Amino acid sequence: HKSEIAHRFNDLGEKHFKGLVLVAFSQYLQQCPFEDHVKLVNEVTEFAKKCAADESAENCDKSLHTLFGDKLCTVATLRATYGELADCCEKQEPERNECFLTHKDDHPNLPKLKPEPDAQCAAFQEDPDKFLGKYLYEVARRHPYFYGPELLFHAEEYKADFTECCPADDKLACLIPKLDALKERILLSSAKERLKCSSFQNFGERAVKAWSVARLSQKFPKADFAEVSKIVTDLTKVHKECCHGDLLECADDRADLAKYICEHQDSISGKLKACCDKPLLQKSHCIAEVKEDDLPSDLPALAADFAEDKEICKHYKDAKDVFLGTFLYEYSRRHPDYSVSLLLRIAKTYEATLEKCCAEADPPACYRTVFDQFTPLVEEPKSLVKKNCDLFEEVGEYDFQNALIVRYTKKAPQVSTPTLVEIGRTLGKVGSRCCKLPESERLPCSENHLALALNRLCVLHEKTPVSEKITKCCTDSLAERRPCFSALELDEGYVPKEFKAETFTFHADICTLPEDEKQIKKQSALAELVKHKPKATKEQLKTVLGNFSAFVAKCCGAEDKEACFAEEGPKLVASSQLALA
C-alpha cells in the first residue's frame, strides 16, 4: 500500500505481474533478445517486492509510467537498435510514453512462428516457465497492441497443448492442428484489439464508447441503459490503458469489470452463468466472446419516443450525447441481426435528421419518418454480403480470395503486393467464417470481420502511405469505412506498372512449399498482373492465373522440374500480356 507498483504486485500476483510486465516490455522493444527483457522483468519485479515490504523506500512513490519508462532507458544499445526511442528517453512522463507508443511497429516482418514439436517439448521440459514466457515475448513483439490479459490466457492454454501432446505417441498430429488453431484465434484477437486501439488513435474515446454501446446492447438486450452505460465506461477504460501500455492497471480494471458483470449476471444476461463459474482469465474471455442473450418479450416500441414525441428537440438539445446514447442502446438491442458499423451509421443518420429538422418551423412532421431513412442503409450491406457469399459458396476460399485481391488491387494499385495479398486473404477467410453460419448471424459476422481486415490495411497504410483514396476511407469516418472502400473504383490516374518478366517468372523452389505458401506466390503474381493491366476484367485475370497454376502443377510433377519452368515459364509470361488487353 501507499505505492502503485507494490499494490498491483500484491493483487495480480507475481506470476501474472511478471507475465504482463514481460509482454508490456516485448511490445515496446520488439528488437531486444528474450533474456534482456527477463532481467528488466526481474529488476522491476524485485522493486515491487522491495516496495511491497517498505512503501517509503526510494522512488517507490513513482508511477508505473516513470518506472516502466525509466527501465526502458537502461536497456542495452537503445540508440543502436532504436535511434527513434532514444529521443523519447530525453522527455519525462506522459510525453515519453506517447513518444514510446509512436515508435511501436505493426509490421516488423519477423520469422513466421513454426510448430517444431521435437525441440519445443524438450525446452518446455528443462524450463517450462522459460519456454512459455518466450511465447509471451514472441507474440507480444509481433503484435505490439495485443490484449495483454487476453495473451496470458492464450499463453496458459498454449501450455495446455504441451500438457497434452508432449509425452504422447504422435507429437505433430496431436499438437499442430491445435497450435494452428491457437494461431487463427491469435490473428483474430489481435485484429479485434488493434481496431479498439486504432479507434482511440484516429477517432477518439467518443467513437470507442459508441461502438461498445452498440455491441454490448446487442449481446445484453436484457440489461437496462444504466448497466450498459456502466460496463461501457469500465470496458473503455480497460482498453484505453491496454492500448497505452498500462497492462498492469488493464489487467486489474478488466478483472474488477468481470467481478461486477458476474455479480449482476441475472440482471445482464442468462448466457453469463456459464462464464462466471470459471477461473479468472477464462471468465474475462468467456464474457468477451459470449453468445448474445435472447431478445426480451417486453422490448418497448421506439416510434413513441424517437419519432412520435413532440419534445424530442428539447430532449436532444438539453443533452445530446445522452439522448443519442439512449437511441443507440434501444435500436442496437432489438437489432442483433445488424453490424456494429451499420448501427453506428444509423445512429449518425438519426442524429443528422434532428440537427436539420430542429431548425425547420414544425420539426415533428420533419422527423416523423426518421426511421424509414434507415431502410436504405440496411439494404446495401445485406446485398454485398449475399453478393460475396454466393461467389464464395461457388468458387471456394482461394478463388474468392483471388476475386478480392483483384477488387482491392484495382482500388489501390499503389499498396504493396504483400499487403494486398494479406488483406485479400484476410477478407477471403470472412466467407469461410460467416457464409456457413445461420444466415441470421451472417451480415454481422461479415461486416464486423471486414472492419478488422480494413483496419489492418489502414494500420499498414499509416506506416507506409501510398494512396490519398485509402487515406480518406481510413481517417474520415469509422462508421463509413467499409462503405467508403466498397465505393472506391479503379484509380484511372494510375500509371500501369512497367512489366518486369522476373515478377511473373516461377522456379522449382515453389514445388517444396506448403499449400498456403504456394498460393501466396501465385496470389502475389495475380496482384502484379492487375498492377500491369488495371483495366483487365476479373474474368481475364482468373483465366491467366489458371494458366499459371496449371503451369506450376505440371512442372512440379516433371522428372526435370528445373528444365520445365525454364522452357514453359517464358512462353506463359509473353502470352499473358496479350490475354490482359
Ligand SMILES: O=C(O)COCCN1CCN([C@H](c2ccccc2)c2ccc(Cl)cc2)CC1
Given for the second form:
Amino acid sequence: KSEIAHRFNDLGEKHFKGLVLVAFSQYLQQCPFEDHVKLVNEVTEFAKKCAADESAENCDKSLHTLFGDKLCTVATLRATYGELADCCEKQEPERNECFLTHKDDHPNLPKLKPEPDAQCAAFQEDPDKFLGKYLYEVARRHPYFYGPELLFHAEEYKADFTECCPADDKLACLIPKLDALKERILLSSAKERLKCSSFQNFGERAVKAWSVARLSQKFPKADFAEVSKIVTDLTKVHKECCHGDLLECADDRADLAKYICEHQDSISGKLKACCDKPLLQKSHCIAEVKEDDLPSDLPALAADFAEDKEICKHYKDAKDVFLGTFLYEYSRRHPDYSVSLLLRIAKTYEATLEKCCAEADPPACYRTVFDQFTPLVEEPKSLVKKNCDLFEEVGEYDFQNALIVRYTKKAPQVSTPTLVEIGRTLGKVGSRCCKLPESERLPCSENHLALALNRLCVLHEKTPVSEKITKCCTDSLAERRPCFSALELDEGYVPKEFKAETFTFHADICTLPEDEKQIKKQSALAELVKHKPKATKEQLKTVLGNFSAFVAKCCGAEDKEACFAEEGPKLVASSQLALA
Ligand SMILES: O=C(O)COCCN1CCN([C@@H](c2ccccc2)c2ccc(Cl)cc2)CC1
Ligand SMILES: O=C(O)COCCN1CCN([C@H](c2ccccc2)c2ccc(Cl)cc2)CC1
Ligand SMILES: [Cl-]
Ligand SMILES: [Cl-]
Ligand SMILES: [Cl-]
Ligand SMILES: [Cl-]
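Alternative state: the form solved in complex with this ligand, after the form deposited without this ligand:
In what comes next, the whole complex appears, and the chain from above leads the way.
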C-alpha cells in the first residue's frame, strides 16, 4: 500500500533517517546541514503517519514522487541549483531522470580537516547531530557513495570519537584513525562510482559480467546457479543505489546478506566470520571477503569449451548463457587474474567462436581457443612486474613522478591538478599492490587502476579536453586500461607557452605539510611536461631534482624570501635549457 511505510518499517527510524539524509545530501550538495535535517524530519514524520494508516492521502505515492516533491520545496533552488529547478517542472519518472543527469562529481568543496578538540566537543555536546553531519559532509562530496556503506563508516567514525576523546592525547589517538577512515572512504567511493559508471555508460550487462567474474573468483566453491542468483540480486542493489533509491537499495542489500549467510556452507568457508556480525558489519564484511580456497574438484574446461563438437550450436542457441558459464568457470579458477583481464578473455573466447563457427570446419578452428588467451595474460603480467620493479627501485614519490610524466604526455590538455591526482593515486597503487605476494599483484594493480581510470573518465565527461581520453573512456570497458596504456605523447599538442610565475616558488612552501609540499613540486613537474612535452622523463627528473634542492636550501635559509627571489629565476632559465 504505502512504500514509505514499508521502508520505514523494514529499516527502522535510525537507518531510514540516515539514508534519507544521504539521498538528499547527494542530490543537493550545496545546502547547509541544518536545512537537510528539516527535510529529513518532515519526510520521517510523514512516514510515521503513513505507518499508522497506509490508506491516508498521499501515503500510497511513490518514493520518487514524495522525495522529489520534498527536494523541489527547498529555498533558493533557482539561485543555488539553476539546473535542478528545471527538473522540478517535470513529473516522475522524468524528474528523477533529470535529477540523476545533474549530480556533480567534483563540487570542489573545502577539504575535511580534523579539529580534535572542537569535534570531540561537538560529539559530547550532541552525538546525533555530530554523526548526521558526518553523513552529510561525505555524502555531498561523493554523490554516488553506496548509501548503506556510508552508515557503516559513520559507526566507525563514532567508535573513533568514543575511544579517543576521553584519552589524554586526542590528536595522537584520532588523527591516525581518521586518516585511515578517509582513505577507506576514498577507495569505497571509487569502487561504487565504477559500478554506477558502468550502468550509465555500458549498461546492466557490463555490470553483470564484471560481477560474475569477481564473485566467481571470491566464491569458487559456489555453483553457477548460486553465483547467478547473487549476481542478479547484487546488480539490482547497485542499480537502485546508483539511481538514488537508497531505501530500496538498503532493504535489498540486507536481504542479500541474509541469503548469503543462510547459504554460506555452499557459497564459501570464508563467510563464517562475516555471518556472526551485526547487519551493517555483515554486509560490509561479505563485500570485502577474501577469496575462498580453490576446490579440489574444479572441472577440466577443454571438453566443454574447446573439444565438444556442438559448441557452435550451443553458442548459437543461448549465447549469453554459454558465455556466462564460460566466464564463471574461467574466473573461479583464476583469482590470480584481474577482472578486466577475465572480461577480455571472455570477449576473446566469444570472438574466436563467432569466427570459427562461420568457417567450414569449426571444430579444428576452435580447438585452440584457450591458447588465444596466452598473449592477453602476459601483457598485463609484464606491465605489473615492470612497474613494481621501478617502484621498488625508486620509492613512492618518484614512481608518482614517473606516472605524472607518463599521463601528462598522454593527455597534456588535462588540468594540472587532475594529472597530479591520478599520478599520485597510481603511485599509491604501487605501494599497496607491489608489497603483496606476487600472485596477488596483477589483480590488485589492475583492479585499482580501473578505479583511478574511471575517476579520470568521470571528470572528463564534465570537462572534456582530449579526444583520445574520450575514446578510451567510451569504447569497451574491458579495453579501457590497454587503451590508456597504448596512448603516447599527443603530438597534436602545442607546447604550453612559457609562464615563469608557474615555476616561481616562495617561502610559504616551507610551512606546508610534506604531502602538500610534494604536490607543489609535482604540479611544477606536470607544467614542465606541458611546456616541454618531448623532454625525456630522465631530463624531467634531473630538473625536478634541482627544484627540490633549491626549495630545501631556500627553506633552510636565514632570509628565505631573499633566497627564493635571487635563486628562482636562475633555476627557471637553467631548466628550459636542460629540457631541450
Ligand atoms: O552487444 C554488442 O555490442 C554486440 O554483441 C556482443 C554480445 N556480447 C555478449 C557477451 N558480452 C560479455 C561481456 C560483457 C561486458 C564486458 C565483457 C564481456 C558477457 C560475458 C558473460 C556474461 Cl554473464 C555477460 C556478458 C559481450 C558482448
Ligand atoms: O532522543 C532520543 O531519545 C535518542 O534518540 C536518538 C535517535 N537518533 C536520531 C538521529 N540519528 C542520526 C541522524 C542525524 C541527523 C539526520 C538523520 C539521522 C544518524 C546518525 C548516524 C547513522 Cl549511521 C544513522 C542515523 C541517530 C539516532
Ligand atoms: Cl561518488
Ligand atoms: Cl544493458
Ligand atoms: Cl574486493
Ligand atoms: Cl628524490
